[PDB]
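Got chain D; can you put chains E and F with the ligands on it based on the hints?
Next come the chains, spelled out residue by residue.
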Amino acid sequence: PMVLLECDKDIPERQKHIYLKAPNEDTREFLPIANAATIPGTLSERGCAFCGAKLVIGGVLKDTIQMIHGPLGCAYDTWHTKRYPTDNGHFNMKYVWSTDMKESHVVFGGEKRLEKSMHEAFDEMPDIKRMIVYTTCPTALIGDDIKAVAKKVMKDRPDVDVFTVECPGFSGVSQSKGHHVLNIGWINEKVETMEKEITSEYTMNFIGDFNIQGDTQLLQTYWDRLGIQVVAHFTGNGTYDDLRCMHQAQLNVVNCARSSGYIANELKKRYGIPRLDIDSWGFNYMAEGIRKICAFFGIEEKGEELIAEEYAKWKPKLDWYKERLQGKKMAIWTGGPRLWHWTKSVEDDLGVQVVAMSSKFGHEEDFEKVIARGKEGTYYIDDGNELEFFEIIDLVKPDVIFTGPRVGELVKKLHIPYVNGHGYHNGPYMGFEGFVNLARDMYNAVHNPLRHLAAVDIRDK
Amino acid sequence: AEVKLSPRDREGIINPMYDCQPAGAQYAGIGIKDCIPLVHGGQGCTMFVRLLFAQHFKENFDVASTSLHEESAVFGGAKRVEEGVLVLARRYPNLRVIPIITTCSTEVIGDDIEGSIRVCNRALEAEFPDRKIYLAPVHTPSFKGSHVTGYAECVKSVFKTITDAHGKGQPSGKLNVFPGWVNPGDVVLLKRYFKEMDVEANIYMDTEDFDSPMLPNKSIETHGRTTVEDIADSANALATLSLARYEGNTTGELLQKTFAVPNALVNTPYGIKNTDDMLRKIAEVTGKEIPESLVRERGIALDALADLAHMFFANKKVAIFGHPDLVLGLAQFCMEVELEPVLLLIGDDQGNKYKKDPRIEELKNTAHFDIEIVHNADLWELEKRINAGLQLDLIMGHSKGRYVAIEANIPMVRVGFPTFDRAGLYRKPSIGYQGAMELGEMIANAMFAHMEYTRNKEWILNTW
Amino acid sequence: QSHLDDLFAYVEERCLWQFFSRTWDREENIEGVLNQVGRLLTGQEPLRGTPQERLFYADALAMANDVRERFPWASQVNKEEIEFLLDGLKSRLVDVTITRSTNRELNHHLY
Ligand code: CLF
Ligand SMILES: [Mg+2]
Ligand SMILES: [Mg+2]
Ligand SMILES: [S]
Ligand SMILES: [Zn+2]
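Residue numbers (the authors' numbering), protein chains in the order written: chain D, 2 to 462; chain E, 12 to 475; chain F, 3 to 113.
Same shape as in the complex, but just chain D:
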């Protein structure tokens, strides 16, 4: 049934966001409202649309200035917070750029301040020739025309290319809108503006993977073994110009259908490129994905050789962790997709029972997926808030929580260990090896002498 938690008695509208799956229910009658307005004052986990554009997608790129048109906080706040390495010395994590909006810009306009900052950034780093410009709350409100400014800079600097995103933080209800605006703007403005050499008979884009702790680079070992050219990664370990070439691919393989389904859907509509949805977390899921990719291309036997090798290398260690993790109870409090990518894979491959899940920004589609794959007796929460987390803990008594570090630090006080479900503990976590890494961190989290010591009161005889 839907659940009215005690801490929500004065915000009873939350009932329609929380589902406790019970036997025999028709789940179509119990789908949480999702992607609706946030209730003020709740300590919702949500962030802003600008986050979804710059921090999550655009900022992953290795060779691109991330020009945040706004006051300095939006830039500060999106720097030193992500774990998406590159193979060029992590340019993307080392720098952030602001137009340092001041009061005079609010009153008289910020377009010249932006133009000047763009030139400056290109002058300071003459080897960097690509940029994304993002709006933020106040530059949206005053109506600065960042596309126009970008077009002028491009005319003055024929060596560069600039993309613009209108994504103030108050757009939409969460970071989701930033995903949407960036995807649609990129396909409308930048896809099909360049081409690259095709060097394989098998080509794909890999859509919706952001190289957290090297996930993309690990998956690339598979594509290189299989002889498949990745035209573009959207956007893990990616380049700006690879994304301009996405129309060239034969296949779009999608992992994050929430952040990046938009562009896959438009690439299919405009170019006929089929969309293949996979799970690139999970051991048995990773095999299924490789088998589907190989079936599409007609290289089934290559895929079986790869899978057999990876099972022989990593399945015994996975099974060691399974023996020890069987029956443990897990909660997943993250953005959305990792709920449906992980609930059944940790159950199948590790014997772990996911007892509670919360999605910051997921849509109804994400809830369809997670409820389909998830267990009876589990709580499914849209746009969870802090006091709810405490009540859910009391209800389900998880052995481990996969969530962000700040929530991890909170639930430590209750003697519940965490694994960073966003940026990982010791990743990567995608692929065959990555699920072993996940399992290891789960095991170390729970099998931890400190938890037992913390429960001892030394004054008790």
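Derived from the structure by calculation, the hints contain no laboratory data. A hint or two may mislead.
[Claimed, not checked] Calculated Cβ distances over 10 Å to all of chain D for the following chain F residues:
| id | residue |
| --- | --- |
| 1 | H5 |
| 2 | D7 |
| 3 | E33 |
| 4 | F73 |
| 5 | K81 |
| 6 | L88 |
| 7 | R102 |
| 8 | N109 |
[Said to hold, decoys possible] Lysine-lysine pairs mimicking BS3-like chemistry, simulated, CA-CA at most 27 Å apart:
| id | chain 1 | residue 1 | chain 2 | residue 2 |
| --- | --- | --- | --- | --- |
| 9 | D | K10 | E | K90 |
| 10 | E | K143 | D | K103 |
| 11 | F | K81 | D | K22 |
| 12 | D | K113 | D | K191 |
| 13 | D | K376 | D | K398 |
| 14 | D | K113 | D | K156 |
| 15 | D | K330 | D | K17 |
| 16 | D | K103 | E | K366 |
| 17 | D | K103 | D | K148 |
| 18 | E | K395 | D | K117 |
| 19 | E | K395 | E | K328 |
| 20 | D | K270 | F | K92 |
| 21 | E | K202 | E | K185 |
| 22 | E | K69 | E | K179 |
| 23 | D | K83 | E | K202 |
| 24 | D | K191 | D | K103 |
| 25 | D | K113 | E | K395 |
| 26 | D | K414 | E | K328 |
| 27 | D | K376 | F | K92 |
| 28 | D | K330 | D | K376 |
| 29 | D | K83 | E | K395 |
| 30 | D | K130 | E | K395 |
| 31 | E | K143 | E | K185 |
| 32 | D | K95 | E | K202 |
| 33 | E | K328 | D | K95 |
Note that beta-carbon positions come from the ideal geometry of N, C-alpha and C, so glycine has one too.
Same frame as chain D, but now just chains E and F with the ligands:
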């Protein structure tokens, strides 16, 4: 010796030194017991700052958002503030203080915060006749100043709000102390100094319990210890000791003007002389003697520093960045131990104030070498100077400058906020005598490790 | 539980193609994948002439392999039964992923 101030020569920023004003107002508020700040603006303005605090302290702190969305961005956000206040009060029965912190968005759209507070006060008095909730308007447009100024603004507004409500009463016999933006370990040290001097004081804000235990009973103790009652009592103090010109002195000034509590601004107590002078001023205002225990702690610090200064520190060139009180004070500490702080970077638009700081002349009269002070600086300004050939032996700053030091292969000591890339620094004092000692030993140990990794006379670490 | 119950429970717990972003894409996938499954399970050649057909084949092959592994009956069953079963399965997936889904985005023309 010439100490030259210059501004950043670029309009834009690359690698900002500070966050925006609202972030600092949130930091001020989280140090109050039974306080949940409410940040009126888009959601990122809250959630990114909660993350920042988790990076520095490895703890959660409660801050709420009004969740400005598109409707409210066009048609006004007063109902988001008002709903957020009520949702807080309804769900947190022990909540007493809500600083209502503006952002760039709600400053641009002109929401009338004071009017929303009148509305909320009426609503709250009707709904909760037995409670009193203090709502403080905190005007922190992010397109001015920085988190330094926002912290100062928030402290001042919360003190104005609470002391307006309570006024002046019985003299307390206590000092008010505004240490500024410091770590829990700095507050621990100050509390020890007042205790050893037999001086009653409130430290505003008392953040000691930000370093909270993991306890057998699973209780959560990660809270500010400064109460409403503590704040109200500031009107009754003997005197205010303000340690930080840019981080609370304006509150000491407001209490002087409003309540005739004399404010004494002193140099922020980094290094020996500044700590001496702080303790002298405490003795003067209280009539209490400095105790032998502090002469001993001082002496232990000097003994430790004397093992390092001429041997390892002399003639070594240092760049320092961080909050202005910390930069200026650390530069003074560095000269006591023969380091040469040749580049000081201060990160915001307050240069007209910094040019008048008396410490600038103090640095001019004690420097054996030219100093450049870059104001309105970003951290690219440091990186670009090193790229152009500035030769540094040490960087002292916060963790968001780490890649500059890593890539240039320069040892770096983590100071100020945030220091997320080392463990435990929030517990270690940097001010006072113990703190001078601890800073100096961090510097030496960072140089020592660097000598080992680079094979630079690593054999010399035997009989120093 | 019926053979069709077993198929339905497998698709719901394992597959993603019935949960694409819009009604039209769900319809296209339910038809396309399950027509390929029916070819595979009755020993007919799959369609592989167009990229889309080759994708349907990829998704169907996983399903067909998994159902043959999971369900004894799925080897040791008819042809006319695959037909009956897949017609039923199409109707059931359309009902739960389209007709009676409360996902409010499903008919948004704009992606
Ligand atoms: S919801 Fe998102 S992070 Fe917030 S402002 Fe808006 S785009 Fe940005 Fe920016 S400078 Fe500071 S942090 Fe805000 S008050 Fe403005
Ligand atoms: Mg000694
Ligand atoms: Mg089922
Ligand atoms: S979000
Ligand atoms: Zn053991």
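Inset, instruction - Could you grab the alpha-carbon distance between D/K376 and F/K92 and see if it respects the 27 Å cut-off? - result: With Cα atoms ~24 Å apart, D/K376 and F/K92 stay inside 27 Å; holds.
Inset, instruction - With 10 Å as the threshold, tell me whether F/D7 passes as away from chain D on beta-carbon distances. - result: About 14 Å separates F/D7 from the closest Cβ of chain D, which puts it past 10 Å; holds.
Inset, instruction - Take the C-alpha atoms of D/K103 and D/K148, compute the straight-line distance between them, and say whether it is at most 27 Å. - result: 21 Å, holds
Inset, instruction - Please confirm whether F/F73 is truly not at the interface, meaning its C-beta sits more than 10 Å away from all C-beta atoms of chain D. - result: The assertion about F/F73 holds, with a minimum of 17 Å to chain D.
Inset, instruction - Against chain D, does F/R102 hold up as non-interface, every C-beta pair farther apart than 10 Å? - result: 5 Å, violated
Legend entry - F/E33 remote from chain D - nearest C-beta pair above 10 Å: 15 Å, holds
Legend entry - Holds or violated: D/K191 to D/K103, with C-alpha atoms at most 27 Å apart: 31 Å, violated
Legend entry - Restraint check for E/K328 with D/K95, where alpha carbons must lie at most 27 Å apart: 24 Å, holds
Legend entry - Pairwise hint evaluation, D/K398 against D/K376, where the allowed Cα distance is 27 Å at most: Within the cut-off at roughly 16 Å; holds.
Legend entry - Hint consistency between E/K202 and E/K185 [alpha-carbon to alpha-carbon, up to 27 Å]: 13 Å, holds
Legend entry - Verdict on F/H5 as a residue remote from chain D, using beta-carbon distances over 10 Å: 20 Å, holds
Legend entry - Verdict on F/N109 as a residue remote from chain D, using beta-carbon distances over 10 Å: Fine: 12 Å to the nearest Cβ keeps F/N109 off the interface.
Checked against the numbered hints above, the structure breaks hints 7, 10, 11, 22, 23, 24, 26 and 32 and satisfies the rest.
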